[PDB]
Structure formats: C-alpha cells, structure tokens
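Q: Below are the chains, spelled out letter by letter.
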Amino acid sequence: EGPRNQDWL
Amino acid sequence: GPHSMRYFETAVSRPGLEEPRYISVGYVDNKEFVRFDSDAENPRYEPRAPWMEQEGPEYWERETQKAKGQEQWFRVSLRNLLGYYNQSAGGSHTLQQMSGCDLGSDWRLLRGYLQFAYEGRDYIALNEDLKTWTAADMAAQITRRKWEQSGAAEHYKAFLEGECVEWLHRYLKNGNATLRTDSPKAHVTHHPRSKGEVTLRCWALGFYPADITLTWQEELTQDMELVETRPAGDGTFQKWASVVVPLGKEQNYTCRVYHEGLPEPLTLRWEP
Amino acid sequence: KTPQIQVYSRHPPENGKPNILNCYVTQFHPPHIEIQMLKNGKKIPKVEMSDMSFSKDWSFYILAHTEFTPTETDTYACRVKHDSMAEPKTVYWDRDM
Numbered sequence: 001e002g003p004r005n006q007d008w009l
Numbered sequence: 001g002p003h004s005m006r007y008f009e010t011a012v013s014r015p016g017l018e019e020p021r022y023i024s025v026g027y028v029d030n031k032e033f034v035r036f037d038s039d040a041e042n043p044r045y046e047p048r049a050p051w052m053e054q055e056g057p058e059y060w061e062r063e064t065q066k067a068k069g070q071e072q073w074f075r076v077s078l079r080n081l082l083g084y085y086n087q088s089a090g091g092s093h094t095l096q097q098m099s100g101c102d103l104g105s106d107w108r109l110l111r112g113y114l115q116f117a118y119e120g121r122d123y124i125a126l127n128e129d130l131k132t133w134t135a136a137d138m139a140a141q142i143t144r145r146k147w148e149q150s151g152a153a154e155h156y157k158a159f160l161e162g163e164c165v166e167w168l169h170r171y172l173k174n175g176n177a178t180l181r182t183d184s185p186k187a188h189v190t191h192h193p194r195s196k197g198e199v200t201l202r203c204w205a206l207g208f209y210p211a212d213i214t215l216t217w218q222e223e224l225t226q227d228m229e230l231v232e233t234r235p236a237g238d239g240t241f242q243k244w245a246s247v248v249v250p251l252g253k254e255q256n257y258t259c260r261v262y263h264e265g266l267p268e269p270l271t272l273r274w275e276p
Numbered sequence: 003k004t005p006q007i008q009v010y011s012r013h014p015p016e017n018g019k020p021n022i023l024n025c026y027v028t029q030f031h032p033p034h035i036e037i038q039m040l041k042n043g044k045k046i047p048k049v050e051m052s053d054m055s056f057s058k059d060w061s062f063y064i065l066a067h068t069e070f071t072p073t074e075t076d077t078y079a080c081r082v083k084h085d086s087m088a089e090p091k092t093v094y095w096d097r098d099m
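Residue numbers (the deposited numbering), protein chains in the order written: chain C, 1 to 9; chain A, 1 to 178, 180 to 218, 222 to 276; chain B, 3 to 99.
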C-alpha cells in the first residue's frame, strides 16, 4: 500500500 | 535478492490555472505494479501486473481514497512552495516524492527512503538514521523546522518499518515467478570506416532485466563508445557497444556479455 | 535538463518487411513534453505513447513508437519539443544504430 503523508511542506 | 518497493508520487501544475495533475506510480522489484492518475474520467488505482488482479475491490477502494488524500496534500504543499521561493504564478511547477523501502535476503528491512524534489531539484530527505532531515537550501529549512516540531519523522519511520515491509511481503507472495528472466541474444556486426579502418558493434537483444555489461577486447575500454540501455517495446531491452579498429586487424577482439539470465558469460567475435 | 533521443527499431531492420520505430526520449524536466514522428518530413497520424514515468535521478522519460516498414529510400525521423530547448530538436533513424 502507499505511504500517507503527514504535515505539509 | 535485493527486493524493494517504491512509490513515485508526482504533482504537476501548468499555466492555465486550475488544479495540479497528480500521478502516483508504484513499483515492486523495479517493476510497475499499481498506478493512479487524476486526468482520467474515473480516477482509480488500476493494476499494472497481472498478479495484482488478485486483490478485492475494497483494496482498490481504500488506495483510491489514500491517493485522493495525496492529491490533496500535494495541492497544498506546492502552494507553500510558490510562497517560499517567492515565485510569479501561471508558470509550470513540479513536485515529486520517492517513498519506499529495501529488503534483505532474510526479508530484513535494510533501508527506507523518503525524499522530495521541487523543480526537479532535491528539496528535503529523510536520512538513513530515520530520525533527521537533510534539507538543501533555505526554504527546505522552513519545512525542516515544522517537521521536527510535528514529529513528522516518527510518522514515516513507522510506515517504512511497519506497513511498507508488511505489504512488500505480500506482493512478493502474489508474484511467485509472475523472477522470470529473458536471456540476451547477441550478434556482432561489421560496419567499415574511412582510412583502412572498421567498427566493431556488439548488439545484445531481447533481454530482461535491463542489467547488462558489454565488454570487448585484452581488457581495454578506453577508445570504445556505447549506448543507453533502451526498451524494445514488448517487455524486453536492447543495447550496443562499439569500438574502432584498423582494417583487417579485426580477429583479436572478443565481445563479452554479462547478464543474470545467462548460464555463463558469453563472448563472440565478428564472423564475416 | 535537455532530453536525450534515440530512434531505433524493435527487430533487426529489413527492407520491405514490417517493423516498429521507437523514438526514446529521456532525462528531461518538466515532464510535459512533445514528440512527433516523421516519414519523409511528414507526420505519422497515430503514434503510441508511454505513460509518464521518472527515474531515481528525478528526470523523466517517454517511449514513443509506431509500426513502419523500412525501405532503401524513405526517411524516418523523430522530432522532440521541450521547454529546456530553444528550438525543436530532430533525430533521424539510422539502421546501423
């Protein structure tokens, strides 16, 4: 499965 | 072998406003297996390698959501980027992520990878320690402040150690051979050159995977000139290695070929 | 980064005998590109085109192809247009390469 990102750039 | 999983996430905006395009591709063992793209009428994750077709709708459901969440995440983080670098809108901008992990022969996790490029240049990357960020340039530091503050490095460190490894195990189960190789097919061609000279081009055809070493001689590669490995179009690959020789002096040269799918190293010389 | 083009054929080329022409473009950025293929300076209506994909050096590559048949005399070129270049670049198919 894919990674889920957290805090934005 | 050195088994790996990677997801290549891309966000593009072009002039003409509106919303960035979000492509996301996934690879097991360097072979594309899943794919998402916002351009489509019905933007789903689709299977890319027949062994993925053994996955229930609910898998495709859940990853289509997950991806629709990155389309989101990317839309924003691009807007901040235009901010930081103080750029004038209505131009093309690119944002890229490489995420994924490396597996030992014992299905040991060796290394994890999480990186980002902006305008095709490295922006920020998790170090191998999996605790600190390498950030090239000032705008990348801004981001590094936030992410140390928000424990973002723990959040991914969890994905790479836990769920990456886990789903890699399974994708490998699904792909049993589906490790298949194709041996390379090699001939040696003769194309004469001006002033009592000739060229020795050594072609290797039909092979898979692309890993290939072409060696002709003994043991000199100095004057020789070779080409970028290239897909055939059918699954297989090509490349060639040439060298300049004096006319009629040809016989002493042997072209050596090294591929994983071979019984042993193959060598051949021009036969007119 | 300016792209890298190679025009080549799937199978060893034979005159009169059908084959496929690959124009292979790599190492560019931004991903948005353009590719024409050409028979005698003229446009081939229906070129097949590889989905957007980029390498671990961050740069992109597309692979374009159409069916063709080599002859002694017809010309076969691939034309590439991309932001990193002043004017469109063109590379002709050479059976020896």
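Please note that the accuracy of each hint is not assured.
[Claimed, not checked] Below, in silico cross-link-like pairs of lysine-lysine (DSS-like), each with a Cα-Cα straight-line distance of 27 Å or less:
| # | chain 1 | residue 1 | chain 2 | residue 2 |
| --- | --- | --- | --- | --- |
| 1 | B | 41 | B | 58 |
| 2 | B | 83 | B | 19 |
| 3 | B | 83 | A | 157 |
| 4 | A | 131 | A | 186 |
| 5 | A | 66 | B | 58 |
| 6 | B | 58 | A | 31 |
| 7 | B | 91 | B | 45 |
| 8 | A | 243 | B | 3 |
| 9 | B | 19 | A | 68 |
| 10 | A | 243 | B | 19 |
| 11 | A | 243 | B | 83 |
| 12 | A | 157 | A | 173 |
| 13 | B | 44 | B | 83 |
| 14 | B | 3 | A | 173 |
| 15 | A | 253 | A | 243 |
| 16 | B | 19 | B | 41 |
| 17 | A | 243 | B | 41 |
| 18 | B | 91 | B | 44 |
| 19 | A | 131 | B | 58 |
| 20 | B | 83 | A | 186 |
| 21 | A | 146 | A | 157 |
| 22 | A | 68 | A | 157 |
| 23 | A | 68 | B | 58 |
| 24 | A | 31 | B | 3 |
| 25 | B | 91 | A | 66 |
These are calculated hints, taken from the structure and not from any lab test.
Q: Does the alpha-carbon distance linking residue 91 of chain B and residue 45 of chain B stay inside the 27 Å limit?
A: holds, 15 Å
Q: Between residue 44 of chain B and residue 83 of chain B, is the straight-line Cα distance small enough, at 27 Å or below?
A: holds, 16 Å
Q: If you draw a straight line from the CA of residue 131 of chain A to the CA of residue 186 of chain A, is it 27 Å or shorter?
A: Since the Cα atoms of residue 131 of chain A and residue 186 of chain A sit roughly 47 Å apart, the hinted pair is violated (cutoff 27 Å).
Q: When you check the alpha-carbon spacing of residue 3 of chain B and residue 173 of chain A, does it fall within 27 Å?
A: Violated, at about 39 Å.
Q: Take the C-alpha atoms of residue 31 of chain A and residue 3 of chain B, compute the straight-line distance between them, and say whether it is at most 27 Å.
A: Status holds; Cα separation ~25 Å.
Q: What's the verdict on residue 243 of chain A and residue 3 of chain B, does the C-alpha distance respect the 27 Å limit or exceed it?
A: Holds, because 23 Å separates the two Cα atoms, which is no more than 27 Å.
Q: Are the Cα atoms of residue 131 of chain A and residue 58 of chain B separated by 27 Å or less?
A: holds, 22 Å
Q: Keeping to a limit of 27 Å between CA atoms, is the pair of residue 243 of chain A and residue 19 of chain B held or broken?
A: Judged against 27 Å, a Cα distance of about 22 Å means the pair holds.
Q: Between residue 66 of chain A and residue 58 of chain B, does the CA-CA distance stay at or below 27 Å?
A: holds, 23 Å
Q: Compare the distance between the alpha carbons of residue 68 of chain A and residue 58 of chain B with 27 Å, and conclude whether the hinted pair is satisfied.
A: Judged against 27 Å, a Cα distance of about 24 Å means the pair holds.
Q: Would the pair residue 253 of chain A and residue 243 of chain A pass a check requiring their Cα atoms to be no farther apart than 27 Å?
A: Given that 27 Å is the threshold and the Cα spacing comes to 25 Å, the pair holds.
Q: Measure nothing beyond the straight line between the CA atoms of residue 68 of chain A and residue 157 of chain A; if it is 27 Å or shorter, mark the hint as holding.
A: holds, 22 Å
In summary, the numbered hints that this structure violates are 1, 2, 3, 4, 9, 14, 20, 25.
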